[PDB]
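Next up is one chain by itself, shown in structure tokens, the form deposited without its partner chain.
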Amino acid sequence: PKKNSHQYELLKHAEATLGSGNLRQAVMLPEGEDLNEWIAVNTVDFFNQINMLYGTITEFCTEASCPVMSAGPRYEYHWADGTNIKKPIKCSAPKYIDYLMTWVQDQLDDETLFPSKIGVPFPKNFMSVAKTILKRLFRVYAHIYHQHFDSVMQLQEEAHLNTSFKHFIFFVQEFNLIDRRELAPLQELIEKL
């Protein structure tokens, strides 16, 4: 793995403090930290977790299994930005997740949005940019839960997915990063946590 900077302690700080079991406290802004930097650091880690979580069930999610992006039959997702695609496009769950993951990555590699220099302020619209990222990442949990959960449990990956989702939901709730409207696919699960 990666071996051995402020955002990086912030990350290892966030990961380690989760081990107290009390996720509501662990997700809170540490004393005197930049709110944007805290959100940015956790947003990246969430992208990485959800990227590897989906990567474990990748072989069961196919154009044949999932002809549309679904969180149950009550919710379907079509891809748009818009920059390259401004009108939402019906596509498969693997293709859609590709577009979403490539797009999240593209924003993470954008130094105007996520400055890698430690003294450069985050943009004024950063808060809006991060809310859009996390809102779409949630739909990757949503599709895995509603469709590929048998595969998640066939692999030993249930606790991984559950702990990461709990962490994700508590973080999103603490900072007001996602509306009820968007969390409705996982409603019953979010109430139980």
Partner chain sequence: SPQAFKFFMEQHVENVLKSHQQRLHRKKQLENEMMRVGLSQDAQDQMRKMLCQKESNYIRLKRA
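Residues that one form lacks are left out of the comparison. Whichever C-alpha set is largest while still superposing within 1.5 Å between the two forms counts as the rigid core. Numbering follows the first chain given and starts at 1. Compared with the form deposited with its partner chain bound:
- In this overlay on the rigid core, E15 has a C-alpha that sits 2 Å or more away from its partner position between the two forms.
- Shifted regions between the two forms (3+ consecutive residues, every CA moving 2 Å or more on the core fit): 1-4, 9-20.
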Contents of the next structure:
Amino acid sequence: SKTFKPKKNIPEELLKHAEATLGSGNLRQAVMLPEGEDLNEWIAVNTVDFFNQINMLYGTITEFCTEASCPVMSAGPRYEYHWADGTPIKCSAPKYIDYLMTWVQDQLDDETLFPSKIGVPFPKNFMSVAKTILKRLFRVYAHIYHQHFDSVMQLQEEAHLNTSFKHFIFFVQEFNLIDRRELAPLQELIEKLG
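Please move on to the form deposited with its partner chain bound, as the form deposited without its partner chain is already shown.
The text that comes after this line covers the one chain and nothing more.
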């Protein structure tokens, strides 16, 4: 709300390379909570997987994402992001994303948030914690899609990106883990994947 600043002062692509994917199969069914499975656990394992994918995704285009090319964290001109973790900064996309990925990593390493021992329950607020992570992880996708799809197509990794993002968004949507407002930066890519 302070971290997510859409810009009403802006008058309002090739992104719809969206058919390009790998073997997603029945992905809508894949993201569903299996009968008897704990939602927290299911959120946790997928959040970790998505983090890994996104961590690798950004690794491919980080050379192209610099202070010069991206002096403010954005998802196109109509959306800017300021960093804050409650434990807000106008900063560049590389700075923001470094803050973000360290932050997410610390959560996942936090055994009190993401317990790895059998028998140890999730914290009472795990859902809210998971929702902030996924909310902010979405921004890497959005930044890359808006600012660096040229470099993605250069590396011929559009299919791999779409696959990752499609799965991410199908998961997010299944459990309503991100407010439709914050998904604004990619509404039409998303509507194109459903």
